[PDB]
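Presented as structure tokens, the chain that follows is alone, the form solved without ligand GDP.
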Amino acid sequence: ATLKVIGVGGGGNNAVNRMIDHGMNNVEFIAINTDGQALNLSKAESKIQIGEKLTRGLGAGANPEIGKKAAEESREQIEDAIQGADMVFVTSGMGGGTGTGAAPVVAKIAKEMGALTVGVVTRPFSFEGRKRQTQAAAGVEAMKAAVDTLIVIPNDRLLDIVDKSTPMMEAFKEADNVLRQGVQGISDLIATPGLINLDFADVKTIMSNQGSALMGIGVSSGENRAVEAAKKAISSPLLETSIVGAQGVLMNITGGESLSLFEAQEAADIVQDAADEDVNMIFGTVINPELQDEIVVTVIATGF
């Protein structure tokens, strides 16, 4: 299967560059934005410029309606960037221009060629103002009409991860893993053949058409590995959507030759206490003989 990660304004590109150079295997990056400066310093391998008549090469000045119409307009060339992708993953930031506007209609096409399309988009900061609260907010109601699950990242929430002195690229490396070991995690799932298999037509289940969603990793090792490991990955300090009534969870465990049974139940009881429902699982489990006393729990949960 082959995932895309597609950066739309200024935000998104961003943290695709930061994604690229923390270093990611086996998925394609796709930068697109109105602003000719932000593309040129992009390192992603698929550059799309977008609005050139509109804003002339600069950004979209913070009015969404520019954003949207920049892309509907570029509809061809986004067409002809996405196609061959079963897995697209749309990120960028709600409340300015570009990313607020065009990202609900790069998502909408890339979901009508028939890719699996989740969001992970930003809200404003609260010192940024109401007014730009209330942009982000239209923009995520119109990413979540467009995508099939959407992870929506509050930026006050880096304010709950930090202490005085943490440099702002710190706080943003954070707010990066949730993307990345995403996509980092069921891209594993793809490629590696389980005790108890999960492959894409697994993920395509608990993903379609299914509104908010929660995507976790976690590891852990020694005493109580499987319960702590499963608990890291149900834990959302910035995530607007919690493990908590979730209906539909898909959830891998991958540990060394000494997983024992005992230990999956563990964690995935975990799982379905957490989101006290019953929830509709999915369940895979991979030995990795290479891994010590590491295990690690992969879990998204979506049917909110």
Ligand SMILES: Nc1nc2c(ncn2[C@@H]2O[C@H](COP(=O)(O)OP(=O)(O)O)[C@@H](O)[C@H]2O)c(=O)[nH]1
Given for the second form:
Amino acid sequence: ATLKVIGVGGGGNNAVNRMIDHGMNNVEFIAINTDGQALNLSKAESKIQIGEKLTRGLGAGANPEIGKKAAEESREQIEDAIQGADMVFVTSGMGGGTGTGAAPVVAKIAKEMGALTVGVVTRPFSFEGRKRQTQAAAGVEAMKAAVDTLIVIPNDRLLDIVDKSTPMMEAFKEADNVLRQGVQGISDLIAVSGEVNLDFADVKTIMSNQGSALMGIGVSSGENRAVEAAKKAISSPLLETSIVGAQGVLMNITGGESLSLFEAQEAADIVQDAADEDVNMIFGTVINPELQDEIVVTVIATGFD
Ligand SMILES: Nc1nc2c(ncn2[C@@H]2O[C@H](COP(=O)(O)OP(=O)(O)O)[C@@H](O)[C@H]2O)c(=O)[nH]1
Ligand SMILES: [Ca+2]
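After the form solved without ligand GDP, can we look at the form deposited with ligand GDP bound?
And the full complex, kicking off with our chain again.
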């Protein structure tokens, strides 16, 4: 399964650059923007400049109608860069001109191309004002109509996890975790054949045409490791959609040879209970004898809609 991450606009491109800097095994990156100068500085292997005639290589100037029209006019170039992808993650900040209008077009194209299409977008800081928030809200809704599943990160949530001195770029890389570990988690499922196996068909079942989603990874060791890791997988402060109300869950537990059936059940009960719903669970287990006391809980939750 070929997995592609697409950054759309300023924020999405920066996301792509940070994930490449961090290091991502087995993923193709595509940078899409109206802003030529920013695209030139992208570390992405594939780069698409949209709306050249519209913007003369500049950004969209906070007009999302320009972002949309730019994307529509580069439809073929977008289709070519996508083609062959089984799963596409479209990442973008909502509120500007490019991301807000272009992202939902790129997602729609991706789904049309047959890819399972996941959106990971931000909402602007409240300090950015009501217009930008309202513009972003319209983008989020268009994005929701366009993707199989949508993860939304309010930038205001970043203020909940910094101290007064945390560098902004540091905050930004934390928001990146959501996407990064979701991709790496899915990538790892697909790659390894587990003792109780989950594959891309199961990802497709859990995420297809679903609306809101949560994706998390939790890692822990020691006495209550299974429970701690399950808790961490479902507990992000950055998320608009929490685990509450989930009806479908894909949960994988990775551990060493010491992984007990009892603790697998504990982990699952943490998830089931936090959803506060009868969850349709698709359960997986991987024994990695490279690991020792570490266990890894991977969660993809949907069915909120
Ligand atoms: N978390 C995060 N948010 C960003 C970043 N860059 C931009 N944003 C947010 O995304 C919104 C749109 O900005 P941007 O993507 O640069 O505009 P566009 O290129 O015209 O689509 C901004 O109002 C910010 O709230 C980033 O690197 N990280
Ligand atoms: Ca597998």
